[PDB]
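Below sits a lone chain in C-alpha cells, taken as the form deposited in one PDB entry.
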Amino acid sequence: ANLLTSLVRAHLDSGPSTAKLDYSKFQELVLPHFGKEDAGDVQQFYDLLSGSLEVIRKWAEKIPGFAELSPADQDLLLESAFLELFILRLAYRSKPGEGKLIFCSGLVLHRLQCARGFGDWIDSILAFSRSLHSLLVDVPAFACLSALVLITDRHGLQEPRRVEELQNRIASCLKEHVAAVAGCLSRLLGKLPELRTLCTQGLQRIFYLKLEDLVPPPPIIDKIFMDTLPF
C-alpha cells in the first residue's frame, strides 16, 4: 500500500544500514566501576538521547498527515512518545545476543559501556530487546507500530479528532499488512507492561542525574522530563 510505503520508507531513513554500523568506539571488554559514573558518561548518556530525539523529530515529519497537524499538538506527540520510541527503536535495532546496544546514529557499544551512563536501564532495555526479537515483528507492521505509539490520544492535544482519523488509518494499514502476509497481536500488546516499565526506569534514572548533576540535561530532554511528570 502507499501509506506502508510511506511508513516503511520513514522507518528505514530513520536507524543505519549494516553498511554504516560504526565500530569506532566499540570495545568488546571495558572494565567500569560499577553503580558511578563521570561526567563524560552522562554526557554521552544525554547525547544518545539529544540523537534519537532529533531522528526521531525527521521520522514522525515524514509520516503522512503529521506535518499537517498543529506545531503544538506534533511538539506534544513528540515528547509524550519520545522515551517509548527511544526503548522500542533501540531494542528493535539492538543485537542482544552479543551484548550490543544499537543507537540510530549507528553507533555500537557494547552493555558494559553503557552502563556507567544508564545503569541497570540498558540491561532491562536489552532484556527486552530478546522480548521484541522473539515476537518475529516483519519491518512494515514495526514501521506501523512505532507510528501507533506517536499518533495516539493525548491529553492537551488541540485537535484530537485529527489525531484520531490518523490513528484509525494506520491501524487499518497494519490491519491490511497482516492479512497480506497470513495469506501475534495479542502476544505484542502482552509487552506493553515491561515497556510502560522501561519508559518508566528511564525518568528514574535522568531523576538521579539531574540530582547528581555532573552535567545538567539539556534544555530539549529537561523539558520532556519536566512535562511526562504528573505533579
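Residue numbers count along the first chain shown, from 1. Under this definition, the rigid core comprises the largest set of C-alpha atoms superposing within 1.5 Å between the forms. What changes on going to the form deposited in another entry:
The two forms, fitted on the rigid core, differ between the two forms by 2 Å or more at the CA of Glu194.
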Contents of the next structure:
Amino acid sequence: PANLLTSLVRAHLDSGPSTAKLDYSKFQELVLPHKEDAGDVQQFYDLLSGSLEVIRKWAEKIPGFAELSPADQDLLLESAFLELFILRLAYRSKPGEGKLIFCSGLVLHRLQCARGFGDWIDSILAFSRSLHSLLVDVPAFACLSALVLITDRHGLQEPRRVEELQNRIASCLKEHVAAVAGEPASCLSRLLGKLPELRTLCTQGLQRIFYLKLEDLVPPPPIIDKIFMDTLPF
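Okay, that was the form deposited in one PDB entry. Show me the form deposited in another entry next.
Only a single chain is listed, so you will not see partners or other molecules.
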C-alpha cells in the first residue's frame, strides 16, 4: 500500500526507455526550412500509435486495473489515451532544451515536431516546463498518471469500483507526499491542479486531429481514429 506504491513505480519505469536506450540518431536542432506535408502528418500519427501498446501494458500492471470489467478497461484506456500520452511525454521530455523524448526512446527537437503537431507541441512544452517546476518525484508521478487513467467516465459499468480504485491510488499518493515532505495539502493540491490543465491539452490534441482529418493528407490509423470518434461527445 506501500506495495501498491512499489507496483505503480515498477509499472511506470518499465513502460519507458532506459536513459541508455535513448536514440538520438534522428535528432537535429536545426531545420531547413518550412504548411505541413505527408511526412509530418505520418510521423505525428506514428508517434501517437507507438504509445498505444505501451500504455495498455502499463495499465495491466496497475493492481486492480485488470480486475475492472473488460468494457470499463477499454473505455478508461481510450478516454485517457491522449492525456496520458501528453503527461508522460511532458514528464519525460526536456523543455529547457526543446527536446521531446518519446516512449520508444526516440529523441526529437521541438522544431522537428512543429509541422505535424502544430501549436499543440508548444502548449505541451509549456506544460512540461510547469510540470518540471513542481519537481514531481517518480513515486508521485507514478500515482498521478494512474489517476489520469482510473477516473470517472460516462458509460462505466461499475463506476463505484473505478472510484474505489481511484481512492486507493489517491491515498497512496497523499501518504507518499507526506512521508517525504515531513507531515502533517499545498504540494498535493498543486499536483492535482495539473489534471484539469491536462484535460484542456487533451482538447487541443483533438483539435489538431480534427484539423488533420479535414485536410486529409494521410488518414489516421484506425485505432487513433476510433479514439477520436469515440471521445467525441456528439
